[PDB]
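Just the one chain here, the form solved without the partner chain, laid out as structure tokens.
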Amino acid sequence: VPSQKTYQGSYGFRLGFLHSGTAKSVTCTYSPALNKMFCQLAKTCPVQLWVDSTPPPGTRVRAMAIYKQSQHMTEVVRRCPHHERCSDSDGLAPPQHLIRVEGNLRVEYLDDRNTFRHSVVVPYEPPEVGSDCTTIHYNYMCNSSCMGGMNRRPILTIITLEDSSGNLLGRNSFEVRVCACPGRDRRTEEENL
């Protein structure tokens, strides 16, 4: 099982999210209380990288999904047979991969040769001049409710900062529900608190 241990490391690495609220219109919304992203199938999911100091040249940013529950943790998170077969290809992402990056031609996809785990990795870019974080646009290409895939099992996304050799510089994670109405679903889930 991949480690989900939070690690700010030398560069003070943590994640940020847009403060989007729970209006019906929202495409993507993050719950601080639940540490949970609510997002729509194949829609922009902004994830912010915050550092106290610039990581070195060739630093990379990897995203990987795991099942949150102990009893499912060893099962590779992948798209359902249906979504794997859909003609929704961007010409870059493998059809089995849940997590894509949109708007980055330097994106790289891995099928791990030992663990069979899927991940997507981009070069780390510092913030645009006058900005305090780096934004990556993730797309989740299966719904949480898909039979043959996640089938309502909650997942975590693990974001790792690595050097050009793959050495760990930093790690953070958040729960993800891919759903039709993130706004309503977030508000409903926070009601139970």
Second form
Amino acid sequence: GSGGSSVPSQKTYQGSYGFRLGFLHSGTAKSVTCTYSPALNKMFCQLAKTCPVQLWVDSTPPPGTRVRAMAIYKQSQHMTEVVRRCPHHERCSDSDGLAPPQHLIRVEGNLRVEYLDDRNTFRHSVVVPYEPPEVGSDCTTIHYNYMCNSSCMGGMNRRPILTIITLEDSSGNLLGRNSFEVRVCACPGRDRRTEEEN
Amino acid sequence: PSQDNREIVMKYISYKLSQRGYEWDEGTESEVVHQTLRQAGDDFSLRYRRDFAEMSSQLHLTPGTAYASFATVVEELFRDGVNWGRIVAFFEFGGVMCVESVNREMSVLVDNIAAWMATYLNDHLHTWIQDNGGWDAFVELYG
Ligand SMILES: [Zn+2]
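With the form solved without the partner chain already on screen, would you show the form deposited with the partner chain bound?
Next comes the full complex, and the chain you just saw is listed first.
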């Protein structure tokens, strides 16, 4: 139940910095942990495994810029329900010592990670500081973990979600936004190849 | 309390240095509070190697380094609040600073790093630890 049923927006906004998302061209052989279908703009992944998402930018945002991730349900009849972990996984022992147990999206490999439980919307989000690409690279890579399967009864319950990535400044004002569908499954490569047909 | 916090730091540093060729100083190997902290810190050095490298890049460790520079680096680690994950990162960063100075043939810096960690623990983290269930609450979550 969303606070006041005020769904956060998902409209693409590349903004002043040319903010876009990139994904690894991993295949669909069933030994894939993570792979992105460009035709469906949909990422398929396994629980608690690494999902690299890249941040492409035509002009470097200033320091103090932050990158937020948030999930919402894709179907309109569910957009007002907050995406939470199933009770079983919320109670299980998988704390990384940084992420509260109820959050579904995590960032791994970042000590500066921040988790928010919004006092008005009741929605979860995870925030890290934006950093320019490393030498040799042209994009900034963030490693995400989804901590429930899409099938988990009492959580998502086979409902597709979308992740919304936003560029903010120190004050939280909007600098850019992108989004993609997420299916956390058991066989990501087989499911992408299945849906990428019919 | 102040001595109790000093001990957990030195036992943490003793084990890290002993797990390499460096020797530095009843049922203590199995003591549950320290054992799970060591296992948690061993995990942290792998996943956050990028962050620890950056932190020790900022902490330009030389014989002349004062407490204040160390405190500055670790204070940034807690700027957004204290949690068990960040406290584990506080211990493992001190460990990597100690191994780094032994490897750079500056072994006597290990004493300074050890005293700094105990100081920062007693001054800033101990009140939070006692208010959030003590070390027992840490082992209840195993992190
Ligand atoms: Zn679940």
